[PDB]
Structures are given as structure tokens and as C-alpha cells.
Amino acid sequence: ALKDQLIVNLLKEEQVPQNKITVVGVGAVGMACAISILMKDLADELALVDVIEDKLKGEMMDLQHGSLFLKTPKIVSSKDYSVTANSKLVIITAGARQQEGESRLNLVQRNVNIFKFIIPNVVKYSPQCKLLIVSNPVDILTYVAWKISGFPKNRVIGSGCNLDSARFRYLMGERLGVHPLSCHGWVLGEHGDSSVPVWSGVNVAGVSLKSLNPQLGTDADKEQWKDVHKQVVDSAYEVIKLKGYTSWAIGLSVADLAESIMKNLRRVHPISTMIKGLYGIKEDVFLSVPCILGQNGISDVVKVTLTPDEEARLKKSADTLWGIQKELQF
């Protein structure tokens, strides 16, 4: 054989992949995650899982054909979760998506029923994995993945408000003519209608914008900065109305989270975690707060100082999410 004529093999055993990522779901979100992760060189193996065999195999093949231009030497796929074995991170993007005029919270029963199947099959093969939830309603579903998986809370993460804050900072940058990297600002709470812009923390170069205009973000704001948060809240729906779905932004957001996890960076991101104990919250609610994200998931939470109004709004977001948790049928 030509291979043996050309190459002498010196070593048998192949070990476990060392930095494997899995993406569950090959819709537009799932594939945007995949291409983003491949192009950031975060994984030595990428596995894709879905339920539609042709579509899955075709996406797999299309990525494989780009391997020359990549540094991720094994791309594989299957309907069977055995393909996800020894993942360090499994990203769950599967489920129904919200339509125009439909709240993300309306997706809960459909996506809960899917997670009942996906979650036990995912965790079965990957003892070292972190679960990153992207499907919506992401907060509720992070809680659901946590209850179904039986994982510790540090390993179950929701993409949460990482994108909402990315949008906030993009919009802020456009208003100030500064790059989003140098515009700082946190959108916390539900990834959805009840998110909370933390005006008290919005700053360029450590300069609090609120200290320059104490009316910032209030109805009395002459420059109507609240509308930036409104744009944040409406963004998914505005993009859905225009092109049918969203994909690129969330892909890049999830790829940012994946980088912090895979590279043990311990950067702070506003992502879905349990907040029992903070502010007024006495229940097992998941929502976005600033979390330190590393190789073991969320190891620490930053305790953001909130004005009484900000805290009220965050507790309100938490009440909304808890109300839907009480609807969950396990």
C-alpha cells in the first residue's frame, strides 16, 4: 500500500482528545458557534450533533472541506452522543426559536422537553465537560440543564447576557465614537425583556457617565440613553424581522465564552448562574451577573453594587424568571 510505502508508523495508541468541544444543534446559531470556534483555534476536535441526518452530515462535510485553512484536525458528527465523548465543553444550541412578537419565555415547554433527552445523553460521555447553554429562554434552560444534569452549578453556564452587554457596548461606542473594547457597561438579568442596564457602572476610562449626567438612563435624560437599552432588548427581534433569525453575533459571543473556558482566562462575563443569596433573592434563580469564567466554569461571582432602583429592577427580573421556574414540569 502507498501509505506504508511513504510512511513508517512508529506508534500505535491514540489517546483522548485534549481540548474537544461539542456543539449540539446545527441550525444557524449552532453553525455560527462552530465557525467562530474553529476560527479562534480553541479546539483540537469539534463534534456536531443534531437529529436531521442529511443536514448534519452536510454541515460537517462543509467544515471539513475548509480544514486546510484551519488548525482543528478532527471534525466529526453523529446523531449518537457517543461522538461527543471526552468533550471539555459542550454547547447546547438546540430547540425552538422565538418568532416575531413571541417572548423567549414562550419557548420553555418545547425546549424543556428537548433538554430531557439531550442533557443526559450529553453528560454521559464527557466527565470533564462544562455545559454551556445557548438555547432560549437561556436562563430558565440553564437552570433546567443544571437540574437534569445533576452537575455542580460551576459547570452549568448560560450564554446569558454576554451578547446583550456586547450590543450595549457596541451602541455606546457608536454614540461616543469609541471602540466597544473601550466602552464599559453591564446589562444583567434575563436575556430577554426584563434585562437591567447597570447605569451606575457605565464608563469610559474609569469615568462614570452617570457622574457626568445623573439623569443617564432615566426618562429625564435629555440624550435618552435608556433607548440604548431598549435597542438591546429589541435587537434579536429587529434582526429576526429583517433576516429571519440571528446567528453571527451570538456565535461570536459564545465563542468569547468558549475562549475564557478553554484557555482558563478568568475573565469576567455577564452569564447565567445561580444567584440565590445575592440582592433579595432567596430562591434558586438563574440569571446573568458578572462571573469569573475559567477551565472549571464559573468559580467566582462578582458582587455588583447596585443603586436601589437597579436592584429593584434586578429583583423584578429575578421574580419573572422564578415565576417560569415554578411552571417547570420535570
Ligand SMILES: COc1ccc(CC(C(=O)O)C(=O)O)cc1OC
Contents of the next structure:
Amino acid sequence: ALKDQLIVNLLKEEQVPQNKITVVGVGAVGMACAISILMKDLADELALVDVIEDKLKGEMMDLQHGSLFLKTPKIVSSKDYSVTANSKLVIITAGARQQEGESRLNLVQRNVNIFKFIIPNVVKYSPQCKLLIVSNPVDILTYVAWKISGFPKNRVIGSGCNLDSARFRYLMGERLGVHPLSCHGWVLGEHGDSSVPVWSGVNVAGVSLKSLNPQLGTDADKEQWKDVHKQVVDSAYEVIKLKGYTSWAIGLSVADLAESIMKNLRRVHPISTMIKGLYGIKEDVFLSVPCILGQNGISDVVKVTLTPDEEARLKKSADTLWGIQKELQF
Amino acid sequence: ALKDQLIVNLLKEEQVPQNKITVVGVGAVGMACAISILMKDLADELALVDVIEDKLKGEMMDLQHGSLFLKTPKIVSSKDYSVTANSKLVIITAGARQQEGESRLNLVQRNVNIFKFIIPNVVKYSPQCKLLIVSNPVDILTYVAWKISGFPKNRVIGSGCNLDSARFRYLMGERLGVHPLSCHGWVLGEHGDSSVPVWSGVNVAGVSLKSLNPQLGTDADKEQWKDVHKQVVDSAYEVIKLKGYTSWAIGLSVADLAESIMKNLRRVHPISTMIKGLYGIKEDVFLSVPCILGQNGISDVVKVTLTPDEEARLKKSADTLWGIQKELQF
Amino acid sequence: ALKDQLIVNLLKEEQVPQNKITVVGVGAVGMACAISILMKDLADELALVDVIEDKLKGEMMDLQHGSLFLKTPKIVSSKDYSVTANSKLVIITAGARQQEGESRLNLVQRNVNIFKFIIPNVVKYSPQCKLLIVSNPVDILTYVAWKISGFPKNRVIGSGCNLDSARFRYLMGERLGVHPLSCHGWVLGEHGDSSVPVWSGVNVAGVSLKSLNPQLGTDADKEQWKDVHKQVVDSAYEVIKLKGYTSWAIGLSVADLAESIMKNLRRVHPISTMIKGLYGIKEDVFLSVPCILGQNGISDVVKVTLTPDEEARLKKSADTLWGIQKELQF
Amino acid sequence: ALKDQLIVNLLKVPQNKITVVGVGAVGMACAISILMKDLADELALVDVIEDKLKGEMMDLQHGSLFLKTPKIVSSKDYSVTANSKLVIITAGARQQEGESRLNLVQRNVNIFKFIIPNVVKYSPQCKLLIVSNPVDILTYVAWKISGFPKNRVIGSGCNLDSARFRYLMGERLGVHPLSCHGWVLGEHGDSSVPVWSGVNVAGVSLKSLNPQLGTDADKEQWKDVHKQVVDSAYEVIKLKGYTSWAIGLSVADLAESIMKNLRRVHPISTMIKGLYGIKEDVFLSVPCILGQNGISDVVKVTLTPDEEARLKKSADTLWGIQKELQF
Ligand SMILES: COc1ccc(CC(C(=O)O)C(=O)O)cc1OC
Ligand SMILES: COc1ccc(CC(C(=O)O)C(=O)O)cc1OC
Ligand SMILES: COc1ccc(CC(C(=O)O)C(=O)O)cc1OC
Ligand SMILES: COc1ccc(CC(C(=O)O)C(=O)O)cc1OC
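Can you give me the structure for the form deposited with the ligand bound, which would complement the form deposited without the ligand we have just seen?
Whole complex next, starting from this chain.
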């Protein structure tokens, strides 16, 4: 054959990938995650898994055709979870998503039932992986994925409020004329309607905005910074109303988390984890607090010092999640 | 105001961006171009333009929400082309897109009409820009943009066979077990069924595949390497059939061209340009040849030495194209 | 000619660089700046200037030889400043450096003499440039560069405490087991012995470490965090003692600042600027405060809220610097 | 403790670790290039001068905010190199002004007798990337001392020579080196072989446009481009005392292919017995497919009778030198 005329093989090709990533779900979110991960050079192998055969193969092919411009030498796909074997990171984006006017919390029954199939198949073929849950409601589904998988909780991470916080920082930067990277602010709790803007931590260069404007974030605020958090709460719905779904921002947020995990960076992100034992929470609620994220997932949790109102709001968010979570069967 | 309590302003700045890129059309291809350009840090401003107000705004907001994870500090959009002012590079992806089974040539009058609106407005707000045409049929539409714009030919560029050649190199790499970066081969002429694979230039490490197999690419070829070119030609149709459109590979391909232009790299790409004076072409025909691409667009063309067959294909591939443009309604 | 047989020139047009950076001085610091800038793809042209012709040509050549692995297509050098023409950023690293036991402030009369030649020659050819001063004492020398050039203050920047704060954050990171990216804290004032750690701003995820231990940074601190600031102050001298000079950290710090400028990011950095008007400083003192940095240099200054002790230490640094400024002879 | 007031700990070993042996200019250029390409989750430095080594490590560590490599470590003790995927050897005598690289061989063989077993002890499954000169001989020596299979012992070889050739070609043609193709093979030194037959832009053979290409009869004396390739290190040594930046970038390129399993083709030094007519345990540069298991495959270039004689000449030296070494 021409190959053997051109190339003498010197080594029997027993290839196993060292930095493999799998994306489960090839909808808009799953593919935004995939392109973002490919463009950040995080993986030596990318696997895609979903249940619509043609769509799956099409997306795989489309990515493959860009290989010249990438540094991820193997892209593969299958309905069959065997294709995901040996992953270091598996990103779960499959399941129903909310219609306009529908809460993420309304997806729980559908997505728990889908997780009962997906999670055991993932763990079967990728015993060393971290699980990164993106599907909604992400906080509850991280709990569900954790219980189903048999993984210790450090290895099951919800994309959580990493996106809400990035949205908050974008909006804040726009108001201040400063890059989001230098505008610090944390949105914690549910990735959803009950998220908590932590005004007391909002700062540029370590200067607290609340110390300059004590009314910051209340209705008494002349500049109505509370509308920043409302915009954050509403952003999924506003973008769904305009383009039908959201994809790019969540894709970049997931890639950001994947980078911290794959590169063992130990950066702090607001992501879904067990918060039992903090702020008086007694049940296995998962929600976003600032977490140290590295090669073994979430190794540490930062204990944010919240105002009485912030803490009340965070407890109220835990309560809302528990209200849905305690009724689940799986 | 809180901003003024926090920040003392030194000057009212000259706000003209220095590395602005505009993407016209926020369909799947336009957005894939957008996200790829964002992830390659090519621009200090990205502007989006299209005619569907909500979709446009939705896409802009979604990109904006990822700003924390990017290094492109201003992302803007409008149906009004004034938002595109001072672009170094304007990428046109707007217009009708190819349905399943539909040929690119079938898009030609619809898109020539769309270009009568688009191109003058682009030229109005960025008279010094380079135009990068992606919409199909890309060869004919690059000609149309050139005639309408009044720009010198160096600044009107078609994405042409850049992706086709990328696909060839991927498929070649899959056959040889080599990364496509190290697999070389050129697909030239019309971006479509009449493209030409230049068998003589197909090589790895300067070793010509044709010298190892003199029947390479011909019907007597035992490994039927011509099927690699058939796959190249059929790729977009196969992918459209599977997922409804193509996006990722063309997006990456365009970002690669954007990179050469914006960073003045003077890499050689097979892209659509005015080849009158070459291969016995005496009309104002645009098609892909290897072009040196930098900050003034296409400054130079590589003269590929074609076999008599390869060159006959090209002068035909030409007339296939020039038949149509001779009689265009604009 | 072979070039003419292979390539048809289609365009005579004068290449004028769009993103040029000049590095003045090709000692260890200058070359660390150059390689870092090259590896961050910040420039379409790099110019080097120094006074020793062989060393200059050798360094230029060595960088040139790595061009295949870079995306900066023109690397040039000369002892003549005409080579620097049309730079957007000019980085000044030439001058004497301190010995062990010697203060950076002892370099002032030598480096003012050098600056009286270098500065007028730099500004002559680059009307759009920002001047980024790295040579020591950097704060004083930014004042000198500003006086000699007659540039407005936004355009004359000293690398200042960008490195000192990077070191602070590294050492804080080490203590806390968190990446320095997530460890926030500001060292302001002189890049030297009189620098000021802003304990009140030191935080992770918005949580003030001083709020948790109000003794943080004082002599009553059980954990002696003041030693972290002492390590920052002593870092150049410790490294000089071990390897003879410092290069890598300052090179990365300068490239960080070049990135904000070249990409108009508007990130906040602790860099040397004119602080007359702030903290009741009444003289044209330059020193590090958090500055918003972009394509027009420093457009805005963050007014950090300092404790009375922190403010007194910053005024003390300002006094020290003013005292040396009063020794300057133009 | 402040840390505990701030952080609740829940969990109490690197996956992509690279070691650079030698913190001379070459080693540190490799180190900075590897750091700026985000190739490693841990970088270890090893050398014999303890102060210089600590100073370099610290200087790198202070830039950590600006990097994505979260652990940088150093020691004279090779235990610091444990769990390396890739170990890059840059230590030894360096080429001196006006002297062949072959003048370093005995001294660097001696150094390798100490270095290589220590590397092998702590990372028995690493890929070894030899950079020290003369790189072809020392890659052979590393292979013999380590006992590794030949795929995992790689010499930087002519990777930079070919990068220089493409730079020079590019300057002549007004084209980026990424688009100018051409291979320098054989010994990394004065007897390297420019393969004129493969020199091309966009698949267009330069020889086809100028049949005399690379010969004495060449009107444009393209052989001078190879002469400049051969002379490059000597000229830069003359001017600045050593070379560092281009080699660091070349090494980081090879590290990239290995660490990311790219299977790109590089002209690097490999055990070429059986291939290209050679019968002894000799290493020299040919185009190799490079990935996570080192060199898995070699491209067979159709060489002219000359290119083949030279490569047998360029070759024959090395075995004569290697037969006389003992370890
Ligand atoms: C699995 O589907 C999704 C998961 C998360 C998002 C992100 C989205 C959300 O959480 O609804 C957002 O906040 O933009 C979008 C999805 O589908 C479009
Ligand atoms: C704007 O529409 C398109 C332009 C180019 C491509 C790329 C396509 C082609 O050029 O036919 C391909 O090769 O995938 C696809 C488009 O719509 C999906
Ligand atoms: C131009 O000389 C220098 C400027 C700054 C530094 C940085 C250095 C210092 O300020 O002494 C440091 O803090 O590491 C080092 C230089 O020469 C080695
Ligand atoms: C460790 O010694 C070296 C190894 C390679 C180079 C690179 C050099 C060469 O290979 O001769 C070159 O080509 O620049 C330089 C060295 O010392 C400075």
C-alpha cells in the first residue's frame, strides 16, 4: 500500500489517550462546549455521545473537517458509551431544556430519568473521570449524578453559577468601563431564579463598591445595581426569547471549568457542590459557592462572609432546591 | 456616581479600534466565524450585522456574556452598518444557504441581490477594509463584491477552496496516520463539484505520493485516491444531510484566513481571487489558487505548475463560473 | 529569477506596521520581554535597539531563527532609532542595574543620563507610541521619561508594582493553596523598598483576609503575613544573589502590560503613574496605583480606599520618591 | 489559622510533567517556551549549580500569575524529576566559537553516564529528548545507557536546522516560513543534508522551476541557504556568545507534538539501522512521526544517489566515533 511505501512503522500502535474529554449531548450547548474546548487545546481526544444518529455523525464530521486548524488529533462519536472510554473529563449536557416561561426546576423529572441511563454508562467506561454537569437544574442534577455515579463528591461538579458570575462581571464592567477580568463579584446559590448577588464582595482592585455606595444592590440605590442581578437572573430567558436558546456563553463557562480541571489550576469558581454543614444547612443540598477546582475536582470550599441578608437569601435558595430535591426518586 | 467615586478619568479617549472585524450574517456560519475569531484573539472589536433584529441581538448578548473568558473588549451589533465603521476586515456570510441536495450555484441570484444592499453599506463605513466573502457561490460572489465595492482586487477575497483543501488534508491524514498539518495537498478552482485536486503536489515531508504511486488519483489507482477528492466535493452535502448545515470547519477555516490577514502573516492559502492572466484565462474570473495573504489582502499568487489535464479542468471550472457572471443582474 | 517563476506579484504597496512593538535594551530583561511578547502574539513587527552591535545582531538573529514557531513576521534591529518607526508601544529596558546591597535609587543619575539620549530618539519616530519604562528606579524614570518626552501622562507608564503584586499573589497563593489568579492583593507605591502592601484589599473570592484577622500584616499577626511583603521587597535581591540578575518574572510582567495596551483590554494593573491630587500628594510624583490600561495607555486611575496606616505608608513612599526627583537635573 | 477561617478543606501527583535538565541559556529557553505554550502541569528543573538553579526556579515562580503551569520545582537531586512524561536534556559542554560540536563528545558522554541513569530511575517510562551536542551521538549514548526502546529516545536533531532553512527560504521568497517547505536531514552539524528535491511552496517543487537548485551550477546559489543553515550557530555564538531562543522554541515544538500526541512529522534524530541503507546502531535526522510514545514511524524520503551517499557519509563518521566510546 502507498502508506507503507511512504512510512515504515517502527512501533505497534497501542494508542490510549492521556487527556481525553467527552461531551455528552450534541445540542447547541454541547457543541459550544466542544468547540470551546477544542480551541483551548485541552484534550488529545474528544468524544461525542448522543441519541440522534445522523445529527451526532454530522457534528463529529464537521469538527473533524477543521482538524488542520486544531491540536486535538482524534475526534470520535457514537450512540455507544464505549466510545467515551478512558475519559479524564465527561461533560453532561443532554436532556430537556426550558421553554420560554419555564423554570429550570421543571426539567428535573425528565433529566433525572435521562441521568439514570447516562451516568452509569459514563462511569462504566471512564473510572478516572471528573463529571461536569451542565444540564438543568444543574445543582439538583449534580446531586443526582453524585448519588448515581458512586464517585466521591469532589469528582462531581455542577457548572453552577460560573456563568451567572461571568454575566454579572460583564454587566459590572460595562457600567464601570473596566474589563470583566478586573471587575470582581460573586453570584452564588441556585443557577436559576434564586441566585444571590454577594454585594459585599463586589470590588475593583480590592475597593468595595458597597463601601462607596452603602445602598448598593437595594431598591434605595440611585443607580439601581440590583437591575444588574435581575439581568443576570433574566439573561437565559432574555436570550432564549431572542435567539431560541443560549450556547456561546455557557460553552465558554464550561471550557473555563474544564481548563482548571485539566490543567490542575486550583482557581476558585462558583460551582455546584454539597453545602451541608455551612450557613446552617443540614441536608445534602448542592448549590454554587466559591470552590477550588483542580485535577481531583473540588478540593476545597471558600467560606464567604455574607451579610445577614445575603446569608438569608442563600439559605432561601438552598430551601427552594431542597423543596424540589427531597421529592426525587431514582 | 459610583463610577466617579471609584475611578478618576484622565482623558476622553480616541475610541477608534485598531483591529476591528465585522461579521455580516449571524446564521450558523457567521457565528462559527465569530466564535472562532473570538477564541483566536484576533480583534479588539467584533461587530455583527444582520436583518433579523431579535436573532442578531440574541447572538450578540450571548457572545458578550462570555467576555470574562475572552480578550475582545467590545462586541456590538446592529442592522445598521454604521456599527461596522473602521473595520480592518469584513467577513460576509449573509444570504440564502444551501438546502439539502441544493447546489451552491442555485443561490446565485438571491445572493447577488443581497450583495447589492450589503456591499455598498460595508464600503461606506470601512472604505479601507479587506472584504472576505464566505457566502456561496463564493467564487462568483467575490467577483460581485469586487465589482460593486470598487476596491482593488487585492482587498476582495473569497474563502474559496481553503476549507476544501483542509478537508483533503484531514482525509489524507486519516489514511496515512499523520496529522493533517504534516500532510500537504491542494484543491484548486471552483469551490464546488468542479474543484481540482493537484495530485502532483500531494506530499508528506516533501515526498510526493505520485512519485511512489504514478497512478495516484487516476482510475487505475489501486487505492482509489480520487475518492478522497470525491469525499472533499461531497463533504458539505453529506454534512448538510446529517445536521442540516455546516458550521465548525468553515468557521475555523475563515478564522485561519482572518489570522493571516490581521497578523500580516503572508501564509499561502487556496482562496478565490482574480486570475485573469493565468492558465489562458482572459476574463475577469475569480477562483481559488494558492495566494499569499497578509495585511493588504492578496499581494501575490503562486503559479502552480499543472499537468495538461489539471489545467484543462481549471479553464473549464473557469467557464462553468464565467458563464454565469457574464449575465448577472446588477 | 526563481521567485518570479514561482510567484506573480500583484501589488506593490508600502508595508506600514499596524501593531509594532519596540524593545530598547537587549540585556536579559529586554530579551525576556521580547520572547514573552513574541510568544503572546502581540505584535506584527518587533524592533530591538541597543548600543552593542554584535550582541544586538546576535539576539535579533536568534529570535529570527525561531520564526517558524511564531506569528510575528518581521523582527528587526539597529543601533539607529529609525528602526523603531511607527511603534504603538516602546519598552525601555536599557540602563545600569543595581548590585547586591545597592538600592535601585542609586541608579538614578546613570539612567537619567542614558534616558536623555534614548527618550528623544524614541518619541521622534513613533507619534502613536505609549512609553513603557522598565529600567530602574522605574517610578523616577517614568517621571524622567515623561519630562523629557513631553508626552501626556496617559502615554508614559512604568512597569511599577505589576511584578511586586504578582509576587505577592504567588506567595499568598502558596500559603493558601490557591492559584495566584484567584488570590487578590495589591502592592503599591515604589517598586522598591518603600512599597506598600494593601492588607485591607487582600482577598479570595471577595472575602477580606483582614476582616478575618484584623491583625493581618502587623507585628501581632500570629502568622506574620508581613513577611510575605518582606519577601516581595527582598525578591530582586534574593534572585540577584542566586543567579546574578532577574529576567523571567519581569519579562512576563511587562508582556502582561503590553497585552493590555495592544489589545485595549482596560484591565487594572498596579503601574507607575502621576499621582498628584491623590492622598493629598501635591507634587508630580510617579508611583504605582491601580490603573486602567488600554490602547491609549493609562486612561483612568482607580482611587483605592486606604486605611490611615496604609495611606501614611503610601505618602512615605511618595516622599521618598519626591526627594529623589528633587535631585534631578534636566 | 487564617487559611482554615477562609477555606474548608475536603481533599488532602502531576499528569503532564516535564523535566528540563540543565539551566544554562538553552535549558531556560526551553523552560520559558514550554511554560508559555501551556504544555505541562508541573515543570521540574535539575542542574549541578545549586544557587543558579534555585534562582532560575524562583524567577520563573514569580511569573506564576501570568502562566498556567501551577507547580515549578527544582533540585540537584533527581528525585524531583519523578513521574515525568518528558525529560529534556540540555546539560553538558556547549559549542564554542570557531569549534565543531564534535569537540564536545567525550565530555558530554561522561556527563550522560551520570545523568541518564538518574533520569531513568525516577521516570522509567518517560520520553527522553536529547538537546546537548553532538546531538546525534548523545542520543545514541542516552539510548544505550537508559536501556529504553528506541521510540522513547529522541534527539532534537535537525528540527531547528530545517526551521532555519525555511526561515531563510521565506526571506528569499517573501512568504511565511510556515508556507515554505524543505528538509535538512542527517547530522546536526556541518554534514547535514538539504533535500532539494522536497523544497516547495504550495506543492510546487522549486527544483522543477530551477533544475540546478542546490548545485554549484545554480545561478541563484541556493546552496548558500544551506551554508547559512550550517553556519548559523557559529555566527550567533560569535555575535552573542551562544544560541538559546530558536532552539528553545524548536524544543517546545517537539514537546508539543509529544505531550499532545500530534503525530506531526519532524526532522529529528532516531535510530536509523535498517532504514536508508545504514547497517550500524546510528542516530541521525530523518522525518519522523512524533507523538505520546515518541517516534512511532519514519518517513522514507526518496533520496538522490548523492543525498543517499552523503547521508551514508554524514552517517559513517558517527559509528566510528560511537565504536570507540565505552559505558
Ligand atoms: C443542557 O442544556 C442547557 C444547559 C445550560 C444552558 C445555559 C443556560 C441555562 O442554564 O438555561 C443559561 O443560563 O444561559 C443552556 C442549555 O441549553 C440551551
Ligand atoms: C453562508 O452559508 C454558507 C457558506 C459557506 C459554507 C461552507 C460550505 C460550503 O462552502 O458549501 C462547506 O464547504 O461546508 C456553508 C454555508 O452555509 C451552511
Ligand atoms: C532594566 O533592568 C531591570 C529592570 C527591572 C528588573 C526587575 C527587578 C528589579 O527591579 O531589580 C526585579 O524586581 O526582579 C530587572 C532589571 O535588570 C535585571
Ligand atoms: C546544550 O547545548 C546546546 C544544544 C543545542 C544548541 C542549539 C544550537 C545547536 O544545535 O548547535 C543551534 O543550532 O543554535 C545550543 C546549545 O548550547 C548553547
